[PDB]
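There is one chain below, alone, in structure tokens, taken in the form solved without this ligand.
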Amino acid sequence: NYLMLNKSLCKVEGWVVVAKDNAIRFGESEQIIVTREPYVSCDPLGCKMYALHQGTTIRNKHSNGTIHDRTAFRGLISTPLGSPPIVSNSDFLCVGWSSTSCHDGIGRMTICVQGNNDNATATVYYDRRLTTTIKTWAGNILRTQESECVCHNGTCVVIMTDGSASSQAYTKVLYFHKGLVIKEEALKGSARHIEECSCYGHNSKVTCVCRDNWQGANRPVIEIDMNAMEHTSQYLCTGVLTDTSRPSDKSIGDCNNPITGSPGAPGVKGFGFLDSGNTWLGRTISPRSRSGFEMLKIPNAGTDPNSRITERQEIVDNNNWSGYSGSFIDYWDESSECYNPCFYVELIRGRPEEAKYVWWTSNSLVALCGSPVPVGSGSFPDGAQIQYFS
């Protein structure tokens, strides 16, 4: 029962919300675990939310200082999709401050990167048993996707990066079988820098839309052949820029070089589904800040430098905070002939953006799946009144 990527993406005309944990709202009183860098991953038995906890809850004095990204008190938890995370409903999967996870159809592989910045090590699990470790190869924050990896025929592909965040680093494409590395490739192609890939599978291939944190306001793309276990990379061709921060959209994009001009923040994790006319990219509404979120239908964004937005759907309005976003698919819906594209938006509350109200930072989550038919509208922000926490 190894998953075989034998389906194409469903056509998508709009997006509906399938889950929203309202974690910060509940967290005003209930013991909600402080998290960030969340994602969603499915398997034959259902779907779960994944997130890096901070070893504390929100209404807890230890929530002070949770703006920090790497501590010894972080780890990966999974909780039932739609539920906010508390101790009672959360599985503590591994220890670390960077992660990915995916199910090959038989067992789940999970990865936590832990340790000091200059001497970190990835811990790899298969079926909840430690199977391998991978030491840092560049000596500067070994790190991975912060969203689910993708499997085919027993092999799961994972993108990892080690080295400087602001200049040339060392990215590797890793192929796993039962939590053991069976092949590695140093990054190839024209992508200058790779961070936090959001991946999805389709017809024996995996496509990753990533984050250039060095030079690019256009997102790098990695293309993987899962039968040959080979990859290449480039940038999205469209002049419509989907990283944050970003300059204004160009009439003509660049398939092979990063587009510079990024006023402030070097990047944010994002995603995209590349399928000719059925192509959709996500992006924060603000080109400066992690606020708002919109889905853009941009036909041939992955092949056409002159491609343009043809449809748009607001998910979170610009008066509300967003954050990371990534792709996921239920690959085990045997009742559908295609893979329905889904995604999540991390809704970051607290610091740095709300530093005058609270001393913590944490997120809630909203998850969306595609519809082949025109749907309605609505905005789905975090929903908490931050002043309640002050």
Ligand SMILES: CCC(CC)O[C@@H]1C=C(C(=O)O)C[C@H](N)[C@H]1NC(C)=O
Given for the second form:
Protein chains: 4
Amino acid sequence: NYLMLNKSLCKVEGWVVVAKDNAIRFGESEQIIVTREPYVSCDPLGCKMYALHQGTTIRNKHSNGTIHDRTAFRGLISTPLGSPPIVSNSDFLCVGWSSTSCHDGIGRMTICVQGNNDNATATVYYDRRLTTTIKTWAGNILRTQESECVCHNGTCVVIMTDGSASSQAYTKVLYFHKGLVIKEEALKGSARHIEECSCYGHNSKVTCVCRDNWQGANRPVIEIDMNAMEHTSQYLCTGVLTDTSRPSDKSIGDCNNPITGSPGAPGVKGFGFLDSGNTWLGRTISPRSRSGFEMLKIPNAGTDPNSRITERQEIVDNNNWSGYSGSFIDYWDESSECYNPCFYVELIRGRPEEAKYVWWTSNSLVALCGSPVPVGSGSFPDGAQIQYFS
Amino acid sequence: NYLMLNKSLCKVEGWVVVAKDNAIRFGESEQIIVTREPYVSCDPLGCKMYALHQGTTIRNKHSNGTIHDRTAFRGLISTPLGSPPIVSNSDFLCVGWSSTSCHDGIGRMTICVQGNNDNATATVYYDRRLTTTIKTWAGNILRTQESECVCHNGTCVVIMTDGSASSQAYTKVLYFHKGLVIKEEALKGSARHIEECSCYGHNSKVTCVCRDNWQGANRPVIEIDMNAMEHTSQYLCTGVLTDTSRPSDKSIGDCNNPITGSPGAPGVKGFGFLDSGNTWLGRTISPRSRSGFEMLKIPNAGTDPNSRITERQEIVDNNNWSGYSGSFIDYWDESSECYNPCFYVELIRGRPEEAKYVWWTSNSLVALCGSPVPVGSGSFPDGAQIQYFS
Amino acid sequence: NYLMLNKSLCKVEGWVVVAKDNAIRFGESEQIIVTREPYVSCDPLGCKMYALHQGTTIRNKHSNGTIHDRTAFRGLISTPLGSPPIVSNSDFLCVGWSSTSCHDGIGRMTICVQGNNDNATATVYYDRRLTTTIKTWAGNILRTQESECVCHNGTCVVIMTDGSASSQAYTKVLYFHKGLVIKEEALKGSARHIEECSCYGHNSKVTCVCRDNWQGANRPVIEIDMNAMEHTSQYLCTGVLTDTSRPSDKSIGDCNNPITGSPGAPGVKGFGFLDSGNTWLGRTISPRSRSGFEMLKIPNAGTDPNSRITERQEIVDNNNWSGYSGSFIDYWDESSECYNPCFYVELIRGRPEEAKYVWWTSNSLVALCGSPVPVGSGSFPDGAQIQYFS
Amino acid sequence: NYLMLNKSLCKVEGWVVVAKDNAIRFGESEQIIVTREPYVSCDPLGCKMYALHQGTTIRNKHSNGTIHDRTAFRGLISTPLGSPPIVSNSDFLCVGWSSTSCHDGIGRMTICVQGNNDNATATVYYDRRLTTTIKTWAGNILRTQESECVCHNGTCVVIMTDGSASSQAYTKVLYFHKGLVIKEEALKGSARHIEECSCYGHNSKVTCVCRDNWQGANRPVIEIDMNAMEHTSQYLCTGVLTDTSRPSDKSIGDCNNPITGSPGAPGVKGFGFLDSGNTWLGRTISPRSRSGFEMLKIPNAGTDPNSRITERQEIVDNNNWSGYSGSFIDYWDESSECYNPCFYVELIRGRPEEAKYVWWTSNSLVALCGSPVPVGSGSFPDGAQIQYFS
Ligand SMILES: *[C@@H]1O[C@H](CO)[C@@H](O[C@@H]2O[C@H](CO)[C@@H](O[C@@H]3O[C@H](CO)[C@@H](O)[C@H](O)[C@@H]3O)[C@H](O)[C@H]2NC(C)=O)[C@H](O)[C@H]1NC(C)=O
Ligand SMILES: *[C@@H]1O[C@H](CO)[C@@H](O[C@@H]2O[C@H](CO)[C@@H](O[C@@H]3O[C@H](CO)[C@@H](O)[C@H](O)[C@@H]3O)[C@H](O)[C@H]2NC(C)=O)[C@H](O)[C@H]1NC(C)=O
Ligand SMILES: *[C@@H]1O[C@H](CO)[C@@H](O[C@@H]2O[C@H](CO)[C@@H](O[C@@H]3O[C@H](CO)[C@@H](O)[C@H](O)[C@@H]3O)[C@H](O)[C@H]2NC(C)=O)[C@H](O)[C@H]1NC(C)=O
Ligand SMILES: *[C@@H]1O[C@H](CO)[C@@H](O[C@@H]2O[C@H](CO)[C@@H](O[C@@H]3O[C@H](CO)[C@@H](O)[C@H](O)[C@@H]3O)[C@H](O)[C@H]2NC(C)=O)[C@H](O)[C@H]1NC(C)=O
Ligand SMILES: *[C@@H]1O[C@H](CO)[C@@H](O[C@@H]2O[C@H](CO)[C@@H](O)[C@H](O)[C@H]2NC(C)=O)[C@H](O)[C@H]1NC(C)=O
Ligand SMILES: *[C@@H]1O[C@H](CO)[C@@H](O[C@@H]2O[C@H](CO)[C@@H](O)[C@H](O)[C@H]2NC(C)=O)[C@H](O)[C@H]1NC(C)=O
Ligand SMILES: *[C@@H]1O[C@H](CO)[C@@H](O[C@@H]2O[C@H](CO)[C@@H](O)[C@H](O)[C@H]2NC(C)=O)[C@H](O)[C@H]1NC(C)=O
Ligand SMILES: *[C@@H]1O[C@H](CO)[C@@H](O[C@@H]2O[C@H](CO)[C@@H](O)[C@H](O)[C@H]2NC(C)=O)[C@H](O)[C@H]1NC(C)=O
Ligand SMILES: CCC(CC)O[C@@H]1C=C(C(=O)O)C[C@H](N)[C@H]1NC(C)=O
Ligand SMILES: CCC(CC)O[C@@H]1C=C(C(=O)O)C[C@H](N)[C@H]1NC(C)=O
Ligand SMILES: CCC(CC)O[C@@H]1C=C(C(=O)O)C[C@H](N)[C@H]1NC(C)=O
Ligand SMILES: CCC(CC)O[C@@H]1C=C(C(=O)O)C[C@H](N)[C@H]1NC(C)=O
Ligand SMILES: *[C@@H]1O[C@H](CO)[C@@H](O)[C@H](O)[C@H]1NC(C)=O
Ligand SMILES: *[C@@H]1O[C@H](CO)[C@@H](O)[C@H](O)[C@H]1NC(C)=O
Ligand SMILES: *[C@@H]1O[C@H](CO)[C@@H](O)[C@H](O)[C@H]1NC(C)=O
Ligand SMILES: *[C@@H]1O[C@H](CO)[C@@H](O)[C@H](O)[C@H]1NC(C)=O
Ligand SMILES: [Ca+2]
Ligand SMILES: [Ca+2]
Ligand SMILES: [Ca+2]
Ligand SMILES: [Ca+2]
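Can you swap the form solved without this ligand for the form solved in complex with this ligand?
All chains and molecules follow, beginning with the one already shown.
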């Protein structure tokens, strides 16, 4: 029952919300687990939300200090898609402060990276059993995708980075079978820096849209042949810039070099679906802050430096906080002849942005899937009144 | 294993309570989810309560403002029948502020309507996967039944309305197979306005008892042939008026026109079971407010304008709040040769009626099923002391 | 897979605790459901605690007034044996203020009695579906066992009473098949009053030890032939009195008449296992109040008026509150050649006895099973500090 | 499907964290169950945490006094590995204040010891049904392993002790089949006192590393032949002392006699894996207090009195509290040709050590598994700020 990526992407004319956990609203009174960098992964039995918990709930004195990325009290949880995460409905999968997870059609592989900054180790599980460990190779925050990996013919591909966040680093493309590394390649191609890849599968290939945290406000792209287990890397061709922060959009993009100019923030995790005319990119509305979120239809954004926005859908209006965004697909919808693009938006609340109200940072989640036909409109922000928490 | 509606309704001589979640009483301390417009739907594995949550619990500061019908923080939950809804026992099914759900014998179809008032879209799921989307066709609060739909031979019928709440609107009768629209008809017949249909199946047909929010205090009725997938509409014939608000009962009803005179409130969701002599209608006891609830036996209420009440059972006494009511049936009770009529009553607490005590509105649920033999008596109100919440 | 009562009782030399939910201790902070009159019932998949909830938790303002026996907010819950009951782990089975439940080997039958005092109806379920209703026949608190019923060859026997609590009443022995009454007998024999029977099965028979709430401090006994579906009734023969309240033990008991003299309280639910020399009776230690609990070995207590106590085990010491007690047996322990006697003790806290500390009454549960070999000793009281709740 | 111990231990070059429940951090607000002496046990369907609860949660007034070891309100719970224990996710398995549990490949056997200090009885369950009881034989706190037992060919071995904690006592090696004792041996060999054995299986044998609470700061060891069901006992040979408290390490250890000198505390539960060069022992970092935890690689520690530490991994740094530690193995990882050593560390918080902050004592849990390859580093302490609880 190994997943074979034998399908193309569905045409997407618009997006609808399939899940929204409202975690922060509920978190005002219920024991909602403090989380960040969430994502969604499906498998033959359904879909679940995944997130990095902070070993505390919101209305808990330990919520103080949760802006920090890496502690010994972090781990990966999965909770039913659409539900806010509480202890009672959450599966504690592994311990660590960076993660990825995916199902190969028979078993789920999940990875957590734990330990000190200079001496970290990735813990790899298959079917919920420890299978292998991978030591830091650069000695500086070994880290991975923060969204679902993708599998094909029993092999799952994972993108990991080790080394400096703000200059040249050491990224590897890893191929796993049953939670064991069977092949590794150092990053090839023109992408100068790779972080937090959002990946999806199609026709025996995997496309990853990533984060250049070094120089680029245009997103790097990794292309993987899953049968040959080889890859190459590049940048998106559009001058429509979709990282944050970023300068104004250019008339002409650069397929092979990072476009610089970014005001301050070096990056945010994002995604895109590259399918010629059926090409959609995600983007914070603010070019400076993680506020708002919009889906842009940009035909051939992956190949044409003169590509332009043709359609736009607002997901979160610019008066509200967003954050990470990543791709996922139900690869086991056997009643559809195509893979339907889906994505999630992390809705970050608290610090640093709301430091005057609150000592914690957490997030809620909204998840969207594509429709081949025109849809209506609507904004889906976090919805909590932060003052309630002061 | 497709459900075939090959049975008639059981004779009902009286009603007994099968479930009562006591949500508001529990909500005084436990993290009960704030809800409204609930219902019940069965399937081969059992029955569950369905409701529209408000993205908060009662003892949560976000409970303030929950009188509002449509927000981005609303969604559909299912919880085990009889239990009050908390995060731990609730399945978050879709996002939206109007819904319906039913099982076809093999898979469950559920529908949520989400988005802005003028630009709404229905999201349709089959077996918990997004299958189709339906855009607003009138551009004014696309909306549906707020109780279970009904299926036959793999086809499920749904009633939806789009347009003005207080004048002529655009109602469609939709036929689904595996979450895909296979046929649509504009409303036919003499019913002038259709809202919030309560439907049940019998002998390859579906009967819907609805809400005329425009002119009528007598309830419109939709009759559907499930094999031909055609329908017609009408009003109940009785002069015993069962909407709220309503004027006094008339000696002679009108099978083909709305009976006007209503004091204030234009309508409330209700139901009826039309089976000749075995005909029962539901009704708030107050003709002005959503207080009390009574079951009335009115032989041939669906066909005879001179029909009269012959039996009455009080369900909720007039010193207590009620609200919506709708029909449901366990269509998979294979040990019975007949379909037993069941119904639920929404017990609304808080605003607007209890505005001086509280800033929220939510509801509890009581569910009843029929008995072919005389039963005893009893009132089953919400049971919370609203002052405890001040 | 119908249960056939083809086994005898195991020899019991002593008792050990298999479950203790500590509900009141936990109830100091956790949302423990307020309950009373609990019991235990097994089936092929395991054992669960059953209880009558009060539609509230302890640390909830609605806990005020829970001394009252019959409200519209009462129902039957089942929770995993050994766990304290919370909403998250409890199955809300039916609505009512008196109940019984048992598994026939294929399906579980459960019964709740609901409604007004003079107009009550029993609701009967089989495999969690409403099957039949039974109207009050005497018009005064139709009521039943408050512990598990027993089944044989597809037929389950239930004892119900309707009428006066303090004088002659109308008790029926009912035989059910798949939640349908197939036979009823009026009480026969010398027992003058029957309440709250504790029943167990053995060798195609059912023995019930009950409560004479009228005259007798000695317990009435009902003997049922399950193949013939006929019964007879009697009193325990011992002069060792095991109801509460009761006068001092007599040298000579009465097999056929109630022994009077009771100080105040007319009765409490209790049990016994009648197996010649292997005969054990339960008993509050105080002859006046529901405090303490002790198991007494009284050979031939069921047949010999000169029977004497030979062994004694203290379960709850006399400095602590007890309450109801009843019998249960795992009839699906296929690895044992005998049915092992088990019983539960209801540990009542709050009113009326602790009225000066608290406005609620609830209970915790301790459950014991027999051992064919000598065991050690120990007291297992509720364990809550009632002052914590003031 | 009986487990056959047909495998050897995997080589371990280092340890990674697979689970950390963060119970005390969560316990600041969520209803976390108060526990101590936890452990981990696997079976064909996965792994779960086991612990002795105290019949209360942390933020509960009944948490006051939980330093006491033995009450009637103690029992054994199992909760999903990695999750903190709450009522909603915990299985209440038996009642008592000492326990062990293991799966034989077909059914789980679990044991609780309950009752008074001089008159205790072990309750034994197989497949969650009471199977046998074992009365105290020395009349002084009958007690057992506080970690998982081990099974082979349908037989599970358990180590129990009865008698004085601070002098000669009466230890038995018990062999169970389906929860029935089939063989018992009095302790043989040179070990003078045996408490709280940590056991693991390998090649049809079981090795237990225990606690000499009488004289020895070096750990006693029990060797069991599982086919012959015979055992012998000894001490670890190393002069590297791994009990607490303990004097400084000696150059030469004693294979056959306890090494004395211990400052104060007579012992703590610990473990070791004895596999020649692949030999690892656990140890509190402080030789006086239960603070810190370190894994030491000591080749042939079980056979060579001149054995030395060669590798060391810090698990919990010496600024943090630890406690018990024990061994466990997933014996049903069929994709590995070897049994991978795993262990847990109990992280005790509260009294006696933090008596000035708090009136309770509880623990959190961290669980580690081996890796055949070098890993990174990191400390994994409890992580709660005890001042938050004052
Ligand atoms: C959340 O955690 C932060 C950090 O612990 C808390 O802020 C800190 O509060 C302490 C007082 O409890 C401040 O300590 C002070 O430090 C100065 C030196 O900077 C010293 O001279 C004083 O005697 C005092 O000890 C500390 O400065 C302050 N830190 C910051 C960054 O403001 C905060 O109060 C916590 N929030 C809640 C709601 O508890
Ligand atoms: C539940 O929500 C309502 C609405 O937010 C709260 O009522 C509102 O309370 C605010 C004060 O916090 C009032 O604001 C005032 O508005 C007037 C103008 O109308 C302005 O001149 C004042 O300076 C002040 O800002 C607001 O009027 C009031 N709204 C209503 C409709 O009464 C309510 O307090 C909330 N309940 C709880 C328990 O928090
Ligand atoms: C639990 O519920 C009981 C019953 O409602 C509460 O006791 C009652 O408290 C009210 C005051 O809130 C008393 O009302 C008084 O009644 C007298 C006539 O008897 C009237 O003249 C006074 O003006 C006043 O309204 C009532 O007597 C009293 N009932 C009893 C039996 O004492 C009790 O306070 C509740 N407990 C908690 C903790 O809220
Ligand atoms: C946790 O439990 C302990 C033990 O019950 C509490 O400490 C105790 O507090 C009581 C007062 O409530 C003290 O009682 C006093 O005893 C002396 C004789 O020793 C007597 O002369 C006084 O009249 C008074 O009754 C008791 O000494 C004290 N025990 C200890 C060991 O300090 C403690 O307060 C509880 N913690 C919390 C937060 O409630
Ligand atoms: C899917 O994976 C299998 C296993 O790796 C591939 O089949 C193997 O192909 C190699 C040669 O390329 C043979 O030596 C092995 O014996 C094959 N294994 C089996 C089990 O048949 C297969 O080629 C892969 N599919 C694709 C499309 O590449
Ligand atoms: C139940 O549904 C099936 C499928 O729609 C109906 O069977 C189809 O009937 C049409 C003609 O009306 C044929 O062309 C199809 O080939 C049939 N499909 C199958 C799978 O047999 C069937 O008629 C419906 N039942 C009723 C009573 O109307
Ligand atoms: C167990 O129950 C079955 C069903 O009631 C009994 O079998 C029936 O016996 C009657 C005569 O007594 C026959 O007329 C029926 O045809 C039988 N039914 C079946 C399905 O065989 C059976 O006798 C009962 N067992 C005992 C020991 O009394
Ligand atoms: C595993 O256990 C079984 C059962 O105890 C052992 O098989 C038994 O061996 C005895 C003689 O030693 C025979 O008398 C029994 O008839 C056997 N029972 C069965 C079911 O075959 C078996 O020897 C054990 N395995 C090992 C390796 O010792
Ligand atoms: C360490 C570099 C990495 C990518 C730039 O930083 C990320 C920045 C993130 C951010 O920009 O919000 C927060 C992430 N938690 C962090 N990842 C880790 C493992 O700490
Ligand atoms: C928008 C018209 C519609 C039917 C009249 O209003 C209903 C009135 C209801 C009512 O009268 O209580 C509340 C319902 N939540 C609402 N439905 C929606 C989708 O908002
Ligand atoms: C109504 C008579 C009946 C038996 C004497 O009273 C019982 C007394 C019980 C008791 O003595 O504690 C409380 C029970 N809840 C009650 N049963 C019902 C249905 O109310
Ligand atoms: C009774 C002797 C026994 C072993 C020394 O004491 C243990 C000491 C333990 C300890 O040193 O922390 C606490 C354990 N809870 C206790 N075991 C029991 C059953 O009480
Ligand atoms: C409805 O939403 C779509 C975006 O999906 C937008 O193009 C369209 O203009 C909207 N219609 C109205 C009336 O706002
Ligand atoms: C019992 O209830 C029925 C209604 O179901 C009613 O007709 C009857 O009069 C009631 N009996 C009494 C005595 O109240
Ligand atoms: C142990 O308990 C039994 C009761 O089960 C009792 O007979 C015996 O005397 C007790 N032993 C001691 C030493 O208390
Ligand atoms: C990483 O951890 C190992 C222990 O597992 C240790 O031997 C090594 O020195 C560490 N490396 C660094 C750079 O700290
Ligand atoms: Ca960037
Ligand atoms: Ca109307
Ligand atoms: Ca009596
Ligand atoms: Ca020692």
